[PDB]
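With one protein chain removed, the remaining protein chains of the complex are shown where they sit.
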């Protein structure tokens, strides 16, 4: 309902350290592109290790014992997340616009989804600030024993492009309610909203240095953070391989604590006794939502022989109806893909489906060649050791498979290494619970998809991540336990 | 004590059956106290690990007798095993001494008592591992289950072999997890015996698998095996870096590390010196100076520094030395001679810089030590006491914290503000006060900074042996 | 499978104080009867206030600061519950026999049900001993703040006859793992097992005075406890009216903390899409289990018009097949009723059902006149403002009602004041959860009945109780919170 802001100008483009804007010590810069209209948006600073080293020495001092930040009341600190979520509320249209320009997200989605889940998250942890509680333990008669949940220190964050501002805030909200200091590196493809937030961080009244942002490239700024011996903890949302790199690097350097979220082969089981019109509608915007690029995307769609053939028919129509086009269009649901090797990579496995035996159903190739739009594709007769079904596609592709027994899909669903999310659609009570118990996903939606809450944790099983975000469990990743044991005369 | 106590178990333990290494090879653990040999032990390797892992996987899949037990049934077993260990207690302290050269009392009354208490404590957590029911919307049911991770890899050191092994097995077992255990090579005896007790109390086979071997051979195989979902390591810092590296490169498997560190020890002017000097003694020179909690540094205040160095020294050489099985002694020998060599050398490291030594081989006390020296800059990990002077509270806070090794710490004052002020500031997983080595199966152990990451020995221990699954249900 | 012990002799019959057996200061005594064979079992002491005053001065000293009990390690204390559950394990056949002699419980049930749930409960809280944990709170920069969960002190327990040993242990297990001292009064109808346990309490190694038992009558010993100004907390499982008396008394006397469990008009909803053969079998032994006398008994049985007529038919056969007879009989499920005014009271409302329009189905009156056995009765066409459906019958009676909409039964089910337990049988997912959410029972079984665990809490909604037993929540009722706030110079 808000008016699209189509010629909004990029006002913020630099490294943000100690609440100040900076030109990269390198002097270099780099540009960010608008995937909707292949066009250059703006040129931002190109950070590197020297810049990163600059920001950490800032967070180190902002975290120093006795600093203005450390002294703050636990509630006063929680009072800043509030009033920084307030500011996000104010400039909600500005940020949603920035997010669309740089990502091709339908401006509708960026408003009611991305920035919604962002202001929500900022508020949940704003309340956790003064409720971070340790324990008092019974020990011996003569001993007092208790535990304090102290902040970890300088925490680095490295986010992806599929949800630039959201995935970032998921780490900033808990890390700051716990009393840490942060050095952030946003994905180069989408650094606009990360830096704009930097302004509000200053406007909200945060002490200088508690948060710093250094835009740059993965190897350049990213790796420099994962290894910095002064950063005490890392948070990474990205590719499973880079995830293996970050943790291994942090291992070699100072044994800093690391948490990872990597997405995976998220199964979408659909039993014979489901509300198909629901299962189709959710499994549809679950697979296709946000141009298809999402960690929780529905890679493999299982269906029972009882409604397998009927399902494939139902899905086909939804896919076609899904409008593709301008992001700032008010009637769009899917815009362009992110960048080039993505547009190419996606179109690759599409034919890999054609070329491997998968019965296509809708939209074999791309369209609207000016931009990077892809025809929402659907696949049938998919089998376990195919490519569309075995890999992590990103663009809109809905490979649908067949299954027969509940134990069959329980086994075939866990056959992967990527247990991040799993949907299940049944009106049955035991089928719904028996599945939810044996499925090895970190999250298990039932009769719904993409049901994230700043209250419920989100994390990966197996090779999908380490630890959880987005819950009360999120505080565990931003606090170090200290045991205090006193003996009395 | 038990004089000529035989050794019955030496083999790879898988599915409650004793196995010969597919390598067919064997290594011989020797008696560190009387340099002589005890027995040879099947040297496991990747093929052997390849079995136990797949064994644990089987005993862990759905429907397995292990997976299907009532939580209290799971806990009852841990209470059964801890009983057997309670029953065979002398035998273990015997092996622990025969295998590490530790005072048979220290082995009987500390190691095993901690093993026994730690086991019982987690038998109670079995049916008390609770998730959350989360408020989300009106028509939405949301909640989280704390499921077991799966096959867990445990790798222990020779410091407190069996205890270090329990600290991981106990909590890992009061959850779904099955295990594959690689003890040290200097000290594999007690770990192997416990495998007997494990089969004795009816743990369904494959739940626990012990595979003795070497560091780069068996340990390196676990930290990189793609079917092990979690690792718990306790040992050298640098060796931990590799396991975390390996785990990160292969399986993204969860890893929790218990490393070492230079553990500061602070004595304020208002200190009960007789307690401060004494506690600082058994916190440096206890168990032959080798221990994760040993105090590498000892900060003392001007008003007491000189007097502190005095009674430190006088009481320093009161520990008698002798045979492990002797009630006379509190200290035995060492295991390897890289420690011995690196200690007597380190002793002369502090002499190059200005450092006045207060009191060779067959129990040292250093003094007037600044921070910029080897005697205060490195993990001694051997009987040596580097004492330092200081004035301010903010002074020691920045000094003791300047290191990368926050594991433990000990403060000695009678003052309320000094006690708490120091406790809140010291960057250490544990912060003792007017005591040392005051460990409890109720309080979580673990380290700050590079001293490790993760926590054992508490309710926090459960966090490292469970994966959190969220379940979000919508209604119509 | 254990051999019934039919001439077991009552070896324990006296007040147990400071680990010693005593004759009532009154000098009086009273007898307990075996309802199976109207017969006198034995004569026990008759306690009164002076005896009660004796036991409290014992618990007061056993709880005194520095006593052997207070000094104990939290684990050592937990080590005593274990090894007292061990002893119960040993003499399991003795106690189950005692419980049958004095209550008419089928010796099968007393073994695998009563003493099972007793040894289970003793173990659960044995582990909670050294895991009773307070909190450490964030406050101001200069302040340390934390909470200790201290024991309350002398806690009195007053149990009923429907489950003498179980309902008692439910209070003793948590109260003792928390470090309190207890003064217990068992129901006069069933004091045998309460006193025998007293022996094991001493054998287990408990310090003298930590637990005391004074058998007697409600007004005599019971009221004397509820008012004693030295008892700090009460636990009462019994009738809703006596429950009103105890809390009001404790109110007038010293404001002692009180927890209550009173049973009620437990609804047993059965939807049209249930596994009837299950719903019937559970709703049957749910209504009829233990001669019908139970807090969780199924008073009102709702059924959907879709399977209403079919249900009533199915239930009828089960009821007839239910064998009534000798308790020590190995093929029995229901024995005699407890005592006289119960046998009369139950038989009253039976005709109240006949006389009010309720279509009888099986067993209108009693049988086997030697003892107090009743024919398992079933009723149809039951309506909301009848007597069998509106009251708290105890004997075997299964008034079955009709219902149509889910909202109809949600409203009609909460139409009472006794929300203790509620069963619900459906294969449906939403019907199962939507019901469980809106039903105002303290416990809500689904596709099952009588599913109690020493891990899950059991308590009453509305006028069915205050607080919970049988969970981790049980510790809240046996501990007082203390805030400690220290300011630093």
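We just call them A, B and C in the order they show up, numbering each chain from 1.
Everything below uses one rule, namely that a residue touches a chain if its C-beta (ideal position, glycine included) is under 8 Å from a C-beta of that chain, and two chains touch if they have at least 3 such contacts.
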Touching residue (missing chain; options C:148, C:300 or C:402):
C:148
Candidates C:61, C:119 or C:451 - the one touching the absent chain:
C:451
Check each of B:18, B:27 or B:143 against the chain that is not shown and name the one that touches it.
B:143
By the contact criterion defined above, which parts of chain B meet the unshown chain? Give residue numbers in ascending order.
67-71, 126-127, 129-138, 143-146, 413-417, 419, 433-434
Missing-chain contacts mapped onto chain C:
65, 135, 137-140, 143, 145, 147-148, 232, 240, 243-244, 247-248, 251-252, 254-255, 257, 260, 262, 275, 410, 432, 436-438, 441-448, 451, 453, 455-459, 461-463, 465-466, 468, 471-473, 476, 480-489
Residues on chain A facing the left-out chain by the touch rule are 74-75, 78-79, 82, 120, 123-124, 126-131, 133, 144, 429-430, 433-434, 454-455, 472, 486, 488-489
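Following the convention adopted for this analysis, only the chains that are shown with their structure count from here on.
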Inter-centroid spacing, chain C versus chain A (mean Cα positions, whole Å):
50
Counting in whole Å, what is the centre-to-centre distance of chain B and chain C, each centre being its mean C-alpha position?
46
Interface hub residues of chain A, defined as touching at least two other chains
135, 137-140, 147-148, 432, 446-447
